[PDB]
Every structure is written in structure tokens, then in C-alpha cells.
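Just one protein chain is left out here, and the rest sit where they should.
Naming follows writing order (A, B and C), and every chain is counted from residue 1.
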Amino acid sequence: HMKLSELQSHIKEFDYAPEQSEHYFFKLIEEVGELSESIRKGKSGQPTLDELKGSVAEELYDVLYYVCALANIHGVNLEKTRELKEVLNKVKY
Amino acid sequence: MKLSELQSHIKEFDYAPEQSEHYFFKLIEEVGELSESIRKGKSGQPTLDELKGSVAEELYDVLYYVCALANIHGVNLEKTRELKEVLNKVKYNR
Amino acid sequence: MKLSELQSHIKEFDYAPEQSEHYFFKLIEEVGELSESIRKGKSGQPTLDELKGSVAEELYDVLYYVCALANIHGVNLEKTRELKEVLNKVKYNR
Partner (left out) sequence: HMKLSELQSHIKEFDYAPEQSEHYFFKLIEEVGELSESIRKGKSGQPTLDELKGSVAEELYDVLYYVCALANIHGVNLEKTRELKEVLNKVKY
């Protein structure tokens, strides 16, 4: 099972255009829109390959893709961000 | 950090299946906060004192709600990731 | 086109107060379509054949759901616009 840092870095291999940061933010919003549709239509559950198009699962995945792509573009390590949040959570507490 | 364990760990303390709209509202809220952080140029890997309101934090918060929504809608993100890579490959592989 | 009449005219054919989440989903859908139209640079005032998928059309569609949500949530956009201009003025006027 893939690590989040591995997903980020695979994405960075084939989809990383630092001169076009805005692209990735536009894409995030597009996928959030597609997600909204898929939830509106109740396309829940875990699809098979054939059921994947337009499913909530696919759209959640596409949002995730752009979260990772934006992290690459903006010099963010998500796993390291989590650790720092843990530090803050522990003082809270 | 792995996708299934992350989803699952969040599910342990934040799972209210009777409140599915809540998770969608929250996603949109974090995406707006993300938008603000990008607009303000709060990029890079923040130190502890820079964390709050950083692009980094807001990306995490969006990720959090992606995982929380996946739990709510019966979705396994890891399985879905695998199917998405299979579909791409079947589309284009010789 | 005036804000109250626009809201009201939409209310005539599209008002389902039992389906308030519907209008919020639709807003987010149109905002995503707007995002695509801006990304693709489909700006300017389109002719009839350019209308579908133009930044112009998607801005209208977002506006539509803003008005539809206002109806749903008991909001008068015109009155609200007036109060917002009053508030700005009370904030800064000498």
C-alpha cells in the first residue's frame, strides 16, 4: 500500500509544472465541482473498474490528486505537515 | 502515512454517518481557507510558528475532509487509487 | 435585470425548500465549471455559438445559484447589498 509521500512524488514525476501553479488550483476546484455532482447523485460505495467514472470514489480521488499536486507545487511535505500539527495538537492538551 | 490507515485513524474520532452534509460543508470551508493561503503566498514547508494558515496546513485540512468524506461515502481511497492506475494503463498500454 | 426581480423570477420555476442541499451542490458544480472556463481562457463576451462553456455562461450559472440559495435561505440580495454599503460607510465616513 502506497505511502502519501510516494503518491506525491509519483505525481511529481509525470505532472509537475511549477511555472503553472494556478493550473493546479483551477483543477482542484474543477474536481471539487465534479465531487459535488457525484455526491448530489448519490454515487457512493466502492466502485469496480467499470463503475469508476463519475463515482464519489473517483471524484474524491481526483481531489486528492490535486491536493498532492498542489503540495508539490507549493513545496509542501504532507507527512511533515502532519507531524507539526501533532506537536500543536499535543500542547492543546 | 498510508491512505487506508489515515482514513481509518480519522474514522476513530470523527465519524457521524447521520451528518454527511457536515463533511461536505467542511471540505468547502477548507478549500476556501486553502484559496486564501495560496493568494497570500504562504507557500513552502512552515516551521511550527508558521504552520497556522500556511498553504501546508490548509492542504492537510482539505486532505482530512477528503478522507472523512471517503469514510462517509463507503470509499476506500487506496483501492480507488489502484483502480485509477489500472484504468489509465488499460487506456494507453500497448 | 434587478436583484430582487431576478431572485423572484427564478423562484417562480425553481423553488424546492425541502431540497436546500441541492442548491448548495449545484452552486459548487457551477463554480467548478467556472474554474474550467477561466483555466481554458474562454473570456470575453461570447457570441451565441461561443456561449456554451464560456466564462460568461458559467458566471451566469453561479449567479443563478446565488439567487436560488438566497430564496432558499430567506435572503433578499438587494436589501443585503444596501446594508453592506451602509456598513462600509459607517465604518469609514468622517
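By our rule, contacts are C-beta pairs under 8 Å (C-beta built on N, C-alpha and C of every residue); 3 or more make two chains touch, one makes a residue touch a chain.
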Taking the full complex into account, find the residue in B:4, B:20 or B:35 that is in contact with the omitted chain.
B:35
Spell out the interface residues on subunit B facing the chain that's missing from view.
22, 25-26, 28-36, 38-39
List every residue of subunit C that touches the chain not included in the displayed model.
1-4, 6, 24, 27-28, 31, 34-35, 38, 43-48, 51-52, 55-57, 59-60, 62-63, 66, 69-70, 73-81, 83-84, 86-87
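Criterion: only the chains that are shown with their structure count from here on.
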Is the number of contacting C-beta pairs greater for A-B or for A-C?
A-B
Distance in whole angstrom between the CA centres of subunit A and subunit B is 6
In subunit A, what residues contact two or more other chains?
29, 32, 35-36, 39
